[PDB]
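Asks: Okay, here's what each chain looks like letter by letter:
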Amino acid sequence: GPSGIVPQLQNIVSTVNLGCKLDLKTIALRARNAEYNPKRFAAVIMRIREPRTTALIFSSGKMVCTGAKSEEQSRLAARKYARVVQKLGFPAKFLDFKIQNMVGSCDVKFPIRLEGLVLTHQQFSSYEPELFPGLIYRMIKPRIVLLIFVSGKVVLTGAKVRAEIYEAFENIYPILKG
Amino acid sequence: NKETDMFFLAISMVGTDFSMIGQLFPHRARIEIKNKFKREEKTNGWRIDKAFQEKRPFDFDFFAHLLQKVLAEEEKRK
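Heads up: the sequence lines are chains R and T, in that order. Just so we're aligned, residue 157 is where the first sequence starts under the deposited numbering, counting upward by one. Just so we're aligned, residue 305 is where the second sequence starts under the deposited numbering, counting upward by one.
Treat each hint with caution, since some may be false.
Said to hold, decoys possible - Computed far set for chain R versus chain T, every beta-carbon distance over 12 Å:
(1) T171
(2) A184
(3) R188
(4) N189
(5) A190
(6) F197
(7) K225
(8) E227
(9) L232
(10) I255
(11) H277
(12) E326
Said to hold, decoys possible - Calculated cross-link-like contacts (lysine-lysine; reagent style DSSO-like; alpha-carbon spacing at most 27 Å):
(13) R:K236 <-> T:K354
(14) T:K354 <-> R:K225
(15) T:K338 <-> T:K382
To be verified - To give an idea of the chain T side of the interface with chain R (calculated C-beta under 8 Å), a few residues:
(16) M310
(17) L313
(18) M317
(19) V318
(20) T320
(21) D321
(22) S323
(23) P330
(24) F356
(25) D363
(26) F366
Rather than coming from a laboratory, the hints here were simulated on the basis of the structure. Quick reminder that beta carbons are idealized off the backbone N, C-alpha and C, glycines included.
I would like the entire structure built from these sequences, with the hints used as guidance.
Replies: Next up, the structure:
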């Protein structure tokens, strides 16, 4: 059963279609929050604290936002940037909101001997202590990629909802225990 | 101290946006500003919140000149 520690989400990734053409130079000229460094990259990157997130905008009318701790928080930040662009003088719309990725982490509070895991799980676990200190495991159900360390803490990514993170956590937990 | 104050002030004028302040700062890169933000968010969160509710304008001109004057003043006084 559960060890009493829940996987806390660390990140959320989401995108929405603004539905109109925008001028990045105009945004950099008007908005009190903007980049335009075309010498490096022709784009504008936002960020707000409530929710704590970073978003990025193009002239093509797409938005990519990331940084929240919950999917609904990410959507709130997305709608905040949509409001900002609407009051920037652009006819922005909050259309086709899609959630792309999230990151979570947890712990088991006992040491992990990676050698046994690689010896019994090499077919899906990649161990290489020379470059990346931890161990890499790719999980199929659901499409999750997992990082495991000796300290017992685990990083989970590749899901679309917190339920997937929890379910993968409890799938791996017996393996971590033994 | 002055550089921290100005980092804040620009974060209110150009928002939580780093490449332009790196560009107008004579010798700061974007990764530098990102690192400043990591360090300062733990203590000055209230001030950064003050950074996103007032609509005072932003410039190159008035600001560029304000930067250069305060940097010359700080360098001559430091």
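Asks: Compare the structure with each hint and give your call.
Replies: Status of each hint after checking the structure:
Consistency note on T171 of chain R: stated as away from chain T, and its beta-carbon is indeed over 12 Å from all of that chain's, at 19 Å minimum. Not every Cβ of chain T is farther than 12 Å from the Cβ of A184 of chain R; the closest lies at roughly 8 Å, contradicting the non-interface assignment. Annotated as non-interface, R188 of chain R brings its C-beta within 12 Å of a C-beta of chain T; the closest such distance is 5 Å. Its closest Cβ contact with chain T, about 3 Å, brings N189 of chain R to no more than 12 Å, contrary to its assignment away from the interface.
Its beta-carbon lying about 6 Å from the closest one in chain T, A190 of chain R breaks the requirement of being farther than 12 Å from that chain. Interface exclusion of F197 of chain R from chain T breaks down, the closest Cβ pair being 9 Å apart, not more than 12 Å. Chain T leaves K225 of chain R outside its interface by the beta-carbon criterion, the shortest separation being 15 Å against a cut-off of 12 Å. With a minimum CB-CB distance of about 21 Å to chain T, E227 of chain R clears the 12 Å threshold, and the non-interface call stands.
With a least beta-carbon separation of about 15 Å from chain T, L232 of chain R lies farther than 12 Å from that chain, consistent with its non-interface assignment. At roughly 22 Å, the least C-beta separation between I255 of chain R and chain T is larger than 12 Å, which holds for a residue marked as non-interface. Separation of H277 of chain R from chain T is adequate, the least Cβ-Cβ distance of about 35 Å exceeding the 12 Å criterion. No Cβ of chain T approaches the Cβ of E326 of chain R within 12 Å, the least distance being about 33 Å, so the stated non-interface status holds.
As the CA atoms of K236 of chain R and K354 of chain T are separated by approximately 17 Å, the hinted pair is consistent with the 27 Å bound. In summary, the hint linking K354 of chain T to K225 of chain R is supported, as the alpha carbons are separated by about 22 Å, within the 27 Å threshold. Taken as a hint, the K338 of chain T and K382 of chain T pair is honoured in the structure, with Cα atoms around 26 Å apart against an allowance of 27 Å. Checking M310 of chain T against chain R by beta carbon gives a least distance of about 16 Å; that is not within 8 Å, so the hint is violated.
With a least beta-carbon distance of about 12 Å to chain R, the hint placing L313 of chain T at the interface is violated under the 8 Å criterion. Interface hint status for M317 of chain T: upheld, as the beta-carbon distance to the closest one in chain R is roughly 6 Å, under 8 Å. Given hint, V318 of chain T at the interface with chain R, holds; its Cβ is 6 Å from that chain's nearest Cβ, closer than 8 Å. Hint status for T320 of chain T relative to chain R: holds, with the closest Cβ pair at about 4 Å, below 8 Å.
Checking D321 of chain T against chain R by beta carbon gives a least distance of about 5 Å; that is within 8 Å, so the hint holds. Here the hint on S323 of chain T is kept, as its CB sits about 5 Å from the closest CB of chain R, short of 8 Å. Of the supplied interface hints, the one on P330 of chain T is violated, with its beta-carbon coming no nearer than about 16 Å to a beta-carbon of chain R, more than 8 Å. With 8 Å as the threshold, the beta carbon of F356 of chain T comes within range of chain R, its nearest partner Cβ sitting at about 7 Å, so the hint holds.
For the restraint placing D363 of chain T at the interface with chain R, the shortest Cβ-Cβ distance is roughly 11 Å, beyond the 8 Å limit, so the hint is violated. A least Cβ separation of about 14 Å between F366 of chain T and chain R goes past the 8 Å threshold, and the interface hint is therefore violated.
Comparing the model with each earlier hint shows violations of hints 2, 3, 4, 5, 6, 16, 17, 23, 25, 26; every other hint is respected.
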